[PDB]
Amino acid sequence: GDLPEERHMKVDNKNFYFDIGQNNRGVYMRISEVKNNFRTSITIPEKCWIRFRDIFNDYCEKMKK
Amino acid sequence: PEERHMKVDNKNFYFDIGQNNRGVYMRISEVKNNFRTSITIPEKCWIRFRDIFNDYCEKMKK
Ligand SMILES: [Cl-]
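Taken in sequence, the protein lines are chains B and A.
Per the deposited numbering, the first sequence starts with residue 191, numbered consecutively.
Residues 194 to 213, 214A, 215 to 255 (the deposited numbering) are what the second sequence spells out, left to right.
Note that these hints are calculated values from the structure, not bench results.
For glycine and all other residues, C-beta sits at the position ideal for the given N, C-alpha and C.
Please note that a few of the clues may not be correct.
Mimicking DSS-like on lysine-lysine, the simulated pairs with C-alpha atoms at most 25 Å apart in a straight line are [to be verified]:
{"hint": "1", "chain 1": "B", "residue 1": "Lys252", "chain 2": "A", "residue 2": "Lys255"}
{"hint": "2", "chain 1": "B", "residue 1": "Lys200", "chain 2": "B", "residue 2": "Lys225"}
{"hint": "3", "chain 1": "A", "residue 1": "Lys255", "chain 2": "B", "residue 2": "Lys237"}
{"hint": "4", "chain 1": "B", "residue 1": "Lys237", "chain 2": "A", "residue 2": "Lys225"}
{"hint": "5", "chain 1": "B", "residue 1": "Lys254", "chain 2": "B", "residue 2": "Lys204"}
Facing chain B, according to a computed beta carbon distance under 7 Å, are these residues of chain A, among others [said to hold, decoys possible]:
{"hint": "6", "residue": "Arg197"}
{"hint": "7", "residue": "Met199"}
{"hint": "8", "residue": "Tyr218"}
{"hint": "9", "residue": "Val224"}
{"hint": "10", "residue": "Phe228"}
{"hint": "11", "residue": "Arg229"}
{"hint": "12", "residue": "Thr230"}
{"hint": "13", "residue": "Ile232"}
{"hint": "14", "residue": "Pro235"}
{"hint": "15", "residue": "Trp239"}
{"hint": "16", "residue": "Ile240"}
{"hint": "17", "residue": "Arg243"}
{"hint": "18", "residue": "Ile245"}
{"hint": "19", "residue": "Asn247"}
{"hint": "20", "residue": "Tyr249"}
{"hint": "21", "residue": "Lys252"}
Short derived list, chain B residues pointing at chain A, Cβ under 8 Å [said to hold, decoys possible]:
{"hint": "22", "residue": "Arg229"}
{"hint": "23", "residue": "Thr233"}
{"hint": "24", "residue": "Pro235"}
{"hint": "25", "residue": "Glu236"}
{"hint": "26", "residue": "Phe242"}
{"hint": "27", "residue": "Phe246"}
{"hint": "28", "residue": "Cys250"}
{"hint": "29", "residue": "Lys252"}
Construct the entire structure; sequences and hints are all you get.
Okay, structure coming up:
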């Protein structure tokens, strides 16, 4: 089917973007960190989105609530 | 927090927790070939960041 749609987050003075793409090796998630005039990103292949999500729950559960 | 790692194909992801005067942050580095990039996420948005990522995990198929 079509890919999930673009998403955005704002924190402090920077913006985060999430977009989905696909090539011959497959589907991936690009997470960009964009500031007024700086830009860097990471690229996560689909086959490890779950592994990623789990690491995050682990960090979120272990927060000083 | 502890700090973790993960391998996929030709890439390594590292998860490090750091701290400055303003508070705690999580830095996610990507290393492939011999290049590395990273994004850094302050604690105050870990939940929102988790949910957004989780929503993407909810859309996936087979
Ligand atoms: Cl998908």
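Outcome of the hint check:
no.: 1; hint: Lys252(B) x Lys255(A); result: violated (32 Å)
no.: 2; hint: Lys200(B) x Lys225(B); result: holds (10 Å)
no.: 3; hint: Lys255(A) x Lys237(B); result: holds (11 Å)
no.: 4; hint: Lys237(B) x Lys225(A); result: holds (16 Å)
no.: 5; hint: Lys254(B) x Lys204(B); result: holds (24 Å)
no.: 6; hint: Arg197; result: holds (6 Å)
no.: 7; hint: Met199; result: holds (6 Å)
no.: 8; hint: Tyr218; result: violated (10 Å)
no.: 9; hint: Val224; result: violated (10 Å)
no.: 10; hint: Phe228; result: violated (11 Å)
no.: 11; hint: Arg229; result: violated (10 Å)
no.: 12; hint: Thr230; result: holds (5 Å)
no.: 13; hint: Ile232; result: holds (4 Å)
no.: 14; hint: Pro235; result: holds (6 Å)
no.: 15; hint: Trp239; result: holds (6 Å)
no.: 16; hint: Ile240; result: holds (6 Å)
no.: 17; hint: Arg243; result: holds (5 Å)
no.: 18; hint: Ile245; result: holds (6 Å)
no.: 19; hint: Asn247; result: holds (6 Å)
no.: 20; hint: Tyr249; result: holds (6 Å)
no.: 21; hint: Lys252; result: holds (4 Å)
no.: 22; hint: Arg229; result: violated (10 Å)
no.: 23; hint: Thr233; result: holds (7 Å)
no.: 24; hint: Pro235; result: holds (6 Å)
no.: 25; hint: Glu236; result: holds (7 Å)
no.: 26; hint: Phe242; result: holds (7 Å)
no.: 27; hint: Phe246; result: holds (5 Å)
no.: 28; hint: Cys250; result: holds (5 Å)
no.: 29; hint: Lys252; result: holds (6 Å)
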